[PDB]
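Okay, here's what each chain looks like letter by letter:
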Amino acid sequence: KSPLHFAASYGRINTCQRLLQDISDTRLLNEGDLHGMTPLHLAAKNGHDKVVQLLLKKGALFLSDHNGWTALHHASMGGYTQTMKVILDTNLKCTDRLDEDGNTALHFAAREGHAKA
Amino acid sequence: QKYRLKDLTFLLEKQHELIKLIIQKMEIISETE
Amino acid sequence: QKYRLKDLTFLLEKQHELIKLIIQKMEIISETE
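Chains as they are written, first to last, in full-length UniProt numbering: chain A, 447 to 563; chain B, 1047 to 1079; chain C, 1047 to 1079.
This is chain A alone, in the form it adopts within the complex:
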């Protein structure tokens, strides 16, 4: 739990591949920390597209933290167009999600000034 969060948050990909072995218990994969942020949230927050792709290939469900954000909210707040492109090719249903204040990902991408996003 604690090692996987660090490895995903800082893009250490081989550590993630080692930890995510014997795929049978998805409780470790879809469990958030104290702020309710799953590994997918962290990997997208720091903009590591390879880790996001690897986690999605195991299925990560697109949950929500203690402010209603999703992976796309974080990726857009940061401006990392590549992990956004990786996310937008899976379920294609998270594009129009809302947080606690009814903000979409577009709201954040525009508020922070990321033109390409």
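Be aware that one or more of the hints could be misleading.
Below 35 Å or equal to it, Euclidean Cα-Cα: the simulated DSBU-like pairs (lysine-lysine) are [as the list claims (entries may be wrong)]:
#  : chain 1 : residue 1 : chain 2 : residue 2
1  : B       : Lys-1066  : C       : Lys-1052
2  : C       : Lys-1066  : A       : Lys-562
3  : B       : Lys-1060  : C       : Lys-1066
4  : B       : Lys-1066  : A       : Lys-491
5  : B       : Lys-1060  : A       : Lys-562
6  : A       : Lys-539   : A       : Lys-491
7  : C       : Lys-1071  : A       : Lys-447
8  : C       : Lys-1071  : A       : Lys-496
9  : B       : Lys-1048  : C       : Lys-1052
10 : A       : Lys-491   : C       : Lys-1071
11 : A       : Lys-562   : B       : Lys-1048
12 : B       : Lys-1060  : C       : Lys-1052
13 : A       : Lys-504   : B       : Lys-1060
14 : C       : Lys-1066  : A       : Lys-503
15 : C       : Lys-1071  : B       : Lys-1066
16 : B       : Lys-1048  : C       : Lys-1060
17 : B       : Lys-1066  : A       : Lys-504
18 : C       : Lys-1071  : C       : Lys-1060
19 : A       : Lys-491   : C       : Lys-1052
20 : B       : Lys-1052  : C       : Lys-1052
21 : C       : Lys-1048  : A       : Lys-562
22 : B       : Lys-1052  : A       : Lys-531
23 : A       : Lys-503   : B       : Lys-1066
24 : B       : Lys-1066  : A       : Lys-447
25 : C       : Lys-1052  : A       : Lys-562
26 : C       : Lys-1066  : A       : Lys-531
27 : B       : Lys-1048  : A       : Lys-531
28 : B       : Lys-1066  : C       : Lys-1066
29 : B       : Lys-1066  : A       : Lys-496
30 : A       : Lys-491   : C       : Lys-1066
31 : B       : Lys-1060  : C       : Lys-1071
Worth flagging that the hints you see were computed from the coordinates, not collected in a lab.
On the provided structure of chain A, position chains B and C as indicated by the hints.
The following block gives chains B and C in isolation, referenced to the frame of chain A:
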């Protein structure tokens, strides 16, 4: 000085990317959680 | 403040060189491709 400031920004961003690479490649053994 | 900005640039360039040295000297074992 606006031109100088823009060049400074560009260099700082390249440096930030290098540092993130360092963190994602380094060795961590004794200080692991 | 132009003089100050030039000194800032000089220091940042020295720092960039040091970081590149770190990357080219470090140990990489578990995170190798």
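Going down the list of hints, with the structure as the test:
{"no.": "1", "hint": "B:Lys-1066 <-> C:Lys-1052", "in the structure": "holds, 26 Å"}
{"no.": "2", "hint": "C:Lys-1066 <-> A:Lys-562", "in the structure": "holds, 29 Å"}
{"no.": "3", "hint": "B:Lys-1060 <-> C:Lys-1066", "in the structure": "holds, 11 Å"}
{"no.": "4", "hint": "B:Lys-1066 <-> A:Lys-491", "in the structure": "holds, 13 Å"}
{"no.": "5", "hint": "B:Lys-1060 <-> A:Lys-562", "in the structure": "holds, 19 Å"}
{"no.": "6", "hint": "A:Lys-539 <-> A:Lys-491", "in the structure": "holds, 19 Å"}
{"no.": "7", "hint": "C:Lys-1071 <-> A:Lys-447", "in the structure": "holds, 31 Å"}
{"no.": "8", "hint": "C:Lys-1071 <-> A:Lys-496", "in the structure": "holds, 25 Å"}
{"no.": "9", "hint": "B:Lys-1048 <-> C:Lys-1052", "in the structure": "holds, 12 Å"}
{"no.": "10", "hint": "A:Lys-491 <-> C:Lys-1071", "in the structure": "holds, 29 Å"}
{"no.": "11", "hint": "A:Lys-562 <-> B:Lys-1048", "in the structure": "holds, 23 Å"}
{"no.": "12", "hint": "B:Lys-1060 <-> C:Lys-1052", "in the structure": "holds, 19 Å"}
{"no.": "13", "hint": "A:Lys-504 <-> B:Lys-1060", "in the structure": "holds, 32 Å"}
{"no.": "14", "hint": "C:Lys-1066 <-> A:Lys-503", "in the structure": "holds, 34 Å"}
{"no.": "15", "hint": "C:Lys-1071 <-> B:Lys-1066", "in the structure": "holds, 16 Å"}
{"no.": "16", "hint": "B:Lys-1048 <-> C:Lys-1060", "in the structure": "holds, 22 Å"}
{"no.": "17", "hint": "B:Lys-1066 <-> A:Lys-504", "in the structure": "holds, 25 Å"}
{"no.": "18", "hint": "C:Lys-1071 <-> C:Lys-1060", "in the structure": "holds, 17 Å"}
{"no.": "19", "hint": "A:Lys-491 <-> C:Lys-1052", "in the structure": "holds, 34 Å"}
{"no.": "20", "hint": "B:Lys-1052 <-> C:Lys-1052", "in the structure": "holds, 13 Å"}
{"no.": "21", "hint": "C:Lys-1048 <-> A:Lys-562", "in the structure": "holds, 32 Å"}
{"no.": "22", "hint": "B:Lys-1052 <-> A:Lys-531", "in the structure": "holds, 28 Å"}
{"no.": "23", "hint": "A:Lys-503 <-> B:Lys-1066", "in the structure": "holds, 24 Å"}
{"no.": "24", "hint": "B:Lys-1066 <-> A:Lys-447", "in the structure": "holds, 22 Å"}
{"no.": "25", "hint": "C:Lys-1052 <-> A:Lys-562", "in the structure": "holds, 31 Å"}
{"no.": "26", "hint": "C:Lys-1066 <-> A:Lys-531", "in the structure": "holds, 30 Å"}
{"no.": "27", "hint": "B:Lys-1048 <-> A:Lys-531", "in the structure": "holds, 33 Å"}
{"no.": "28", "hint": "B:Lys-1066 <-> C:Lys-1066", "in the structure": "holds, 13 Å"}
{"no.": "29", "hint": "B:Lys-1066 <-> A:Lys-496", "in the structure": "holds, 14 Å"}
{"no.": "30", "hint": "A:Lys-491 <-> C:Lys-1066", "in the structure": "holds, 26 Å"}
{"no.": "31", "hint": "B:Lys-1060 <-> C:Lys-1071", "in the structure": "holds, 19 Å"}
Going through the hint list in order, the structure satisfies each hint without exception.
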